[PDB]
Amino acid sequence: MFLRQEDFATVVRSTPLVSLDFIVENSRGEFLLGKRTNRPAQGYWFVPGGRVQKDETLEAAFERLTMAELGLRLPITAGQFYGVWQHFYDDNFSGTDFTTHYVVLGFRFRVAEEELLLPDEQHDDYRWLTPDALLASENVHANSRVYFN
Amino acid sequence: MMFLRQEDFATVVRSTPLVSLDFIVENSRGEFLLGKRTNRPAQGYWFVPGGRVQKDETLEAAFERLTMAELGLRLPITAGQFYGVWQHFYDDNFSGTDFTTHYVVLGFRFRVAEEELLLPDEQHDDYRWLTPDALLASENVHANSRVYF
Ligand SMILES: Nc1nc2c(ncn2[C@@H]2O[C@H](COP(=O)(O)OP(=O)(O)O)[C@@H](O)[C@H]2O)c(=O)[nH]1
Ligand SMILES: Nc1nc2c(ncn2[C@@H]2O[C@H](COP(=O)(O)OP(=O)(O)O)[C@@H](O)[C@H]2O)c(=O)[nH]1
Ligand SMILES: [Ca+2]
Ligand SMILES: [Ca+2]
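Protein chains in written order, with UniProt numbering: chain G, 2 to 150; chain B, 1 to 149.
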């Protein structure tokens with residue numbers, strides 16, 4: 002259920018979003034971050050992830066979101082559950098007039114870089130970063146840095 | 001902003017998953033608390049106490065608000081044992097049968113002293129402390145509560 006703009010605005014204004022964030026490792030002990038082109042956390046390096054839709058199972062969401070974010074569909078069985086997190090932003094997808102709140106389910110998994118097809122819709126660049134490098138940069142959003150604390 | 005007007009809550013339930021905390025509440029003898037629900041969804045079923053997280057509310061704050069509202073006893077989230085992520089889908093909703101309800105649920109288990117609760121009558125018309133074997137044997141205990149045991 003991909004909502005029309007009016008109803009997505011009302012939803013974001015009124016209730017927490019539920020999302021899956023992906024802690025994606027390569028063959029070198031590095032993790033995938035993309036530089037976000039959408040609000041919230043626009044212009045920051047952030048892990049790939051997205052919200053779960055109405056009446057969508059977590060199993061279905063994991064497949065839809067891995068395909069949408071990484072260009073590679075993976076089943077939820079590939080992910081290692083990595084906690085429940087909470088992300089609060091002062092802005093939203095279409096403005097700076099109300100806040101966004103996510104309750105986030107983290108999942109960690111390792112992939113082969115050559116099997117991904119990284120899309121350009123939500124990020125304008127992608128890097129595989131070591132925990133030390135990502136923790137040392139203010140350009141990586143705090144909500145992504147904490148996964149590596 | 002937090003407790004929504006009915007109009008806004010209806011839009012939310014129609015359009016996106018709710019995020020809730022369900023409480024697996026044990027007494028000193030190893031029995032667990034179930035209430036007979038007076039509201040939709042799962043109306044008329046025995047169910048664990050629990051409720052949804054509000055916009056811009058931390059999970060820590062929601063746990064305190066919800067234990068107080070559900071049990072008459074405020075407990076901190078540190079008292080709870082994380083008990084998994086679950087998903088509950090219902091064909092009806094708080095206002096009737098016009099649309100479905102979807103919850104992404106964070107389970108928490110903890111023991112209380114029965115004598116210290118002040119069980120409210122707003123959401124349940126009866127309460128029982130049941131053994132796992134007993135609650136598992138009854139179709140009047142909703143499947144979404146039975147699975148915790
Ligand atoms: N109109 C609309 N936009 C959405 C919906 N869900 C997500 N979006 C937007 O679609 C894009 C991708 O969604 P998602 O990956 O879930 O969002 P993220 O938290 O920004 O990474 C972002 O620009 C979101 O703001 C929806 O139901 N309706
Ligand atoms: N108007 C309104 N009602 C709500 C809201 N959140 C929950 N409710 C209703 O308030 C009561 C208690 O909420 P909760 O414990 O979260 O619901 P449960 O899932 O039915 O146990 C139920 O009747 C819900 O339908 C809200 O933001 N606005
Ligand atoms: Ca995304
Ligand atoms: Ca409740």
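The reader is advised that the hints may include incorrect statements.
Okay, the calculated bits of chain B under chain G, using three or more residues with CB under 8 angstroms as the criterion [stated by the list, open to error]: (1) 84–92; (2) 119–130.
Now the in silico label distances, taken between C-beta atoms and shown as ranges [as the list claims (entries may be wrong)]: (3) 40(G) to 82(B): 42 to 48 angstroms; (4) 118(B) to 73(G): 49 to 55 angstroms; (5) 86(G) to 147(B): 20 to 26 angstroms; (6) 86(B) to 134(G): 21 to 27 angstroms; (7) 38(G) to 121(B): 49 to 55 angstroms; (8) 83(G) to 118(B): 33 to 39 angstroms; (9) 86(G) to 44(B): 19 to 25 angstroms; (10) 30(G) to 147(B): 54 to 60 angstroms.
Keep in mind the hints are simulated off the structure, nothing from the lab.
No residue lacks a Cβ here, since even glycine has one placed at the ideal position from N, Cα and C.
Inset, instruction - Would you pick out the hints that fail for this structure and give their numbers low to high? - result: Hints 2, 3, 6, 9, 10 not satisfied by this model.
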